[PDB]
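**Q** The lines below spell out each chain.
There are 2 protein chains.
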Amino acid sequence: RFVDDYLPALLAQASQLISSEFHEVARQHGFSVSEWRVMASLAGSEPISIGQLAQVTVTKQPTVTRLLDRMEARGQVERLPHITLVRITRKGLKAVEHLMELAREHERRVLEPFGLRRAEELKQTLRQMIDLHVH
Amino acid sequence: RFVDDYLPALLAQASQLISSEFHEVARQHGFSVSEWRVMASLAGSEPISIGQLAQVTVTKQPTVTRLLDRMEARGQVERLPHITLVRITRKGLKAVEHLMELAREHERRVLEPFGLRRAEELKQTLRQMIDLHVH
Ligand SMILES: O=C(O)Cc1c[nH]c2ccc(O)cc12
Ligand SMILES: O=C(O)Cc1c[nH]c2ccc(O)cc12
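Sequences listed follow chains A and A', in order. A prime marks a further copy of an entry chain.
Residues 10 to 91, 97 to 149 (PDB author numbering) are what the first sequence spells out, left to right.
Residues 10 to 91, 97 to 149 (PDB author numbering) are what the second sequence spells out, left to right.
There may be inaccurate statements among the hints.
To be verified - Simulated DEER-style distance windows between Cβ atoms:
| hint | chain 1 | residue 1 | chain 2 | residue 2 | range |
| --- | --- | --- | --- | --- | --- |
| 1 | A' | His91 | A | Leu130 | 39 to 49 Å |
| 2 | A | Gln138 | A' | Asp145 | 20 to 30 Å |
| 3 | A | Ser43 | A' | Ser43 | 15 to 25 Å |
| 4 | A | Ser58 | A' | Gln61 | 39 to 49 Å |
| 5 | A' | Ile97 | A | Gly84 | 44 to 54 Å |
| 6 | A | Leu130 | A' | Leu130 | 14 to 24 Å |
| 7 | A' | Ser43 | A | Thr72 | 15 to 25 Å |
| 8 | A' | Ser43 | A | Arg75 | 22 to 32 Å |
| 9 | A | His38 | A' | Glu119 | 41 to 51 Å |
| 10 | A' | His91 | A | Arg131 | 39 to 49 Å |
| 11 | A' | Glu126 | A | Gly84 | 44 to 54 Å |
Hints are computed from structural coordinates only; laboratory data are not their basis.
Just so you know, even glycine gets a beta-carbon here, dropped at the ideal spot from N, CA and C.
Chain A extracted, bound-state conformation:
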């Protein structure tokens, strides 16, 4: 059956199922999905462009702009001129650091049954695919 082996369908189902699990934790800790993606993507990062942030958070750029309006109002991120760059603030980092710990724990549980070899192979393949297909 086509869909059983079709790569884009497999990627999309695996992604939705694993992410939905962690999104429950994120909401339990007062975060929306979009807030979690923005703060976790900026944590430990150099300032990046709005376009880069939109790509990594898989969010449309106009949606990201509205999101940054309100996250900047709450002091969690800051927009800078270089093209507009964006960074997480210390307030945002302190707000998200425990959640990032929990995210790493959840990821470890998801990948443990596969073993280190298969887990690293999966992550490397995904990184290579992103770098080939990004615009």
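Using the hints, position chain A' with the ligands against chain A.
**A** Relative to the frame of chain A, chain A' with the ligands by itself:
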């Protein structure tokens, strides 16, 4: 940097980038994303439940119900009693079969740089992850 290696972010970016490429082709051939996912998921399949279809198409069940209302009106799918099951009709299969050929061609181009070993490993890992995390 957290996000560079975080599995759910990697899965979601790879999935969005590869799928967006094929969605362009689907629209060029008169299909919406949701129509493509439903018809391709049902092609060659036994009738499946609305809940199963919602999971495989990564679409919320109420959205799927509205989608099936209009796809059934166009004669592309049919809802049956067993729990409601759903199948593709011959009209729907004829409408989507060429697009499925093009989808297989696009998938082959996406996976060719990785080689058969890495491609099969990726697909097997994704299938195993889906089967572990589905509800
Ligand atoms: O839209 C995409 O590429 C991702 C996707 C998720 N579920 C699907 C089921 C069938 C299909 O053809 C594609 C998909
Ligand atoms: O929401 C998800 O699990 C998927 C996702 C896509 N891009 C992200 C960037 C950072 C992050 O923590 C998660 C994600």
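**Q** All the hints need checking, so say for each whether the structure fits it.
**A** How the hints compare with the structure:
1. A'/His91 x A/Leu130: 39 to 49 Å: holds, 44 Å
2. A/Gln138 x A'/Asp145: 20 to 30 Å: This hint holds: roughly 23 Å between Cβ atoms.
3. A/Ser43 x A'/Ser43: 15 to 25 Å: holds, 22 Å
4. A/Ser58 x A'/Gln61: 39 to 49 Å: Taking Cβ atoms as reference, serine 58 of chain A and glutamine 61 of chain A' lie about 41 Å apart, which means the hint holds.
5. A'/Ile97 x A/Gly84: 44 to 54 Å: Between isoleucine 97 of chain A' and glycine 84 of chain A, where Cβ atoms are some 50 Å apart, the hint holds.
6. A/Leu130 x A'/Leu130: 14 to 24 Å: Check passed, 23 Å falls within 14 to 24 Å.
7. A'/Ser43 x A/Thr72: 15 to 25 Å: Given range 15 to 25 Å: holds, Cβ gap about 19 Å.
8. A'/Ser43 x A/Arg75: 22 to 32 Å: holds, 24 Å
9. A/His38 x A'/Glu119: 41 to 51 Å: holds, 44 Å
10. A'/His91 x A/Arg131: 39 to 49 Å: 43 Å Cβ-Cβ, so the 39 to 49 Å window holds.
11. A'/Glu126 x A/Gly84: 44 to 54 Å: holds, 47 Å
When each numbered hint is compared with the structure, no violation occurs for any of them.
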